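One chain follows as structure tokens, the form deposited without the ligand.
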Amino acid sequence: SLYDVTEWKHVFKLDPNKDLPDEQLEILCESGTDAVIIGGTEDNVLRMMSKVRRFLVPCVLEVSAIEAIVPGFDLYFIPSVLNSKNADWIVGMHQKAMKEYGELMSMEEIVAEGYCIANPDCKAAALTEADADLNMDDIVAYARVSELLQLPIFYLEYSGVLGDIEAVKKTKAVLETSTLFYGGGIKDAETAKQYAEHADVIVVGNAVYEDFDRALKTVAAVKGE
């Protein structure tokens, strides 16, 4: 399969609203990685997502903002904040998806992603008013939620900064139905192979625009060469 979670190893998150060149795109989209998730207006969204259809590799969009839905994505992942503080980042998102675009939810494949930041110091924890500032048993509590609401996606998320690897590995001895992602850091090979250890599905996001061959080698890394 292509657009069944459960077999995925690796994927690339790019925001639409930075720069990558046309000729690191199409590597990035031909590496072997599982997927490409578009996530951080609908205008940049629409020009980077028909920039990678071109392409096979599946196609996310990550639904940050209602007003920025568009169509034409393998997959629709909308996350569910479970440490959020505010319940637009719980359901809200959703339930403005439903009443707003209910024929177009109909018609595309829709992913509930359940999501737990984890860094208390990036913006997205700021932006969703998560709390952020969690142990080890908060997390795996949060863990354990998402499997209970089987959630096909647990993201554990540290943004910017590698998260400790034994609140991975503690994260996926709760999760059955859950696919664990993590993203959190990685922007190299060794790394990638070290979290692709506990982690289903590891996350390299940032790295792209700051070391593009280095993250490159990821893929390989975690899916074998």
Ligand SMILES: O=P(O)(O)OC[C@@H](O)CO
The other form holds:
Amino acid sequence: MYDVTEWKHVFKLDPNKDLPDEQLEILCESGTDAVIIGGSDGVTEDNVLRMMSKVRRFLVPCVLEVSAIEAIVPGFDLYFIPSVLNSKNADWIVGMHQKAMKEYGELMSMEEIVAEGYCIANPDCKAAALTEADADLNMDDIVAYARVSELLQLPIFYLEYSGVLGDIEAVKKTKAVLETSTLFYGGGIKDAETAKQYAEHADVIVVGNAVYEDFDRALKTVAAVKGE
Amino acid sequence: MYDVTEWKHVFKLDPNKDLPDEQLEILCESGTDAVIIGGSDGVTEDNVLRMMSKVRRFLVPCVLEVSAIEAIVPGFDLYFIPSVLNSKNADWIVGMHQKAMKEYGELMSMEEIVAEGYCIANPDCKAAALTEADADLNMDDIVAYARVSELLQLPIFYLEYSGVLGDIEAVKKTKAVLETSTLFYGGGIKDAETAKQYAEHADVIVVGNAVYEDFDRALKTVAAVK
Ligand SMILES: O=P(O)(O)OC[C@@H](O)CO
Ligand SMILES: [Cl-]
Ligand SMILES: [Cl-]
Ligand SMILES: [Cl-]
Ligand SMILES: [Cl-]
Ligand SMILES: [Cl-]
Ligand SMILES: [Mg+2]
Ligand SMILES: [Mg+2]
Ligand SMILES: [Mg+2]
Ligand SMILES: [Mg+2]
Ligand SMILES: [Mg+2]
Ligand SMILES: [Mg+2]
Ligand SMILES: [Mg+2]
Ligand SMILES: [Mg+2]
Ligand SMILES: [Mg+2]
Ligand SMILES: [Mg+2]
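Could you drop in the structure for the form solved in complex with the ligand? We only have the form deposited without the ligand so far.
Zooming out: every chain and molecule, the one shown earlier first.
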């Protein structure tokens, strides 16, 4: 019953970190279009499970982004499965997914899965280090990866700059080539001003770190793009 | 674009080989559903261009399976860009697609391109060596790759055994999990009986170099399947 082509804003939460329960409830009731749990490496199934149990009561779609096979947990509305298009390690493109289909084939069949084509464009983040991403890219390299995603018809193309604001022109040019894919942008959005700037180009903006740095300011990112 | 979900038989030609007399014409007029220009151990743009010029004049769909950016040549009805799912080198999974998009984005926009999920299941062949494929696979590994191919939205999953016949049970099992893409099988098919056998499970059977070794025998594979 979900359709990411109707979304405009999502919060992405790190189960590796702690957020007060009250704040988690407020984010779920914020008007965001989805709450995504970042199920990565360093990530534990126990933390993903606790998060699932806390957010499942809400109406908002809860999504698990599967970055580590060991941390998959049933019960989420949607499962996003990333392929890091610019990784130099086949494991982050295909490898880990093949291991998951081999070990949890029945589980993967029962879930609603959405493939994401990731382009990590911030060379200094944990994610680029983990995935062996060729993250120091020129704009034309970025646009070519978006075309690759648009060709494989992955539903989502995710331009990832994690803790830094990315070149806004890269976001604009990427959106220019994407016809059927939904463009998710994440990177340094920490307040309403920056949220609105990037939402002018991205289809969906992702707000993550800011939630833990300045909650009230990060909360305003939803009204910034979805409000009057 | 021509609909691969309606195909049953294709011939795949090596542009670095030449069929004699009027055999290429007979093959293109045979009833096969497509003629794919492939290649081995690299290919050359000039050889692909000469092949294009010969097959484009027939109604049968002509397809270029891109195995090198340097050999993309305009003029084909469809372009298949393989992603070698089981390659240990990212360049064979998404590298070809990225370079082609960066270097020839406008050409890619004007042509009809199809991503093809390849699984090289013969560890002892040029293709496995060239693509650094982890090709010594168990049937569950093959099935899992097929599941991935669909995860990645690929319209075609190609199970490749190159110069030998692959395990008929692997074909049967992969067909069983492919809910939304088309299963192409290629590897060692040279005659009607074998073509019919594999066509029982594959959506499309690919007949390759048998056309150079024994054309009359290979030509019978079309009627065998269709
Ligand atoms: O933490 P930030 O910088 O907001 O980025 C959100 C998301 O892109 C992280 O995967
Ligand atoms: Cl764990
Ligand atoms: Cl057709
Ligand atoms: Cl020829
Ligand atoms: Cl004709
Ligand atoms: Cl053969
Ligand atoms: Mg929309
Ligand atoms: Mg546990
Ligand atoms: Mg719920
Ligand atoms: Mg939009
Ligand atoms: Mg059919
Ligand atoms: Mg070959
Ligand atoms: Mg023609
Ligand atoms: Mg024509
Ligand atoms: Mg023409
Ligand atoms: Mg069929």
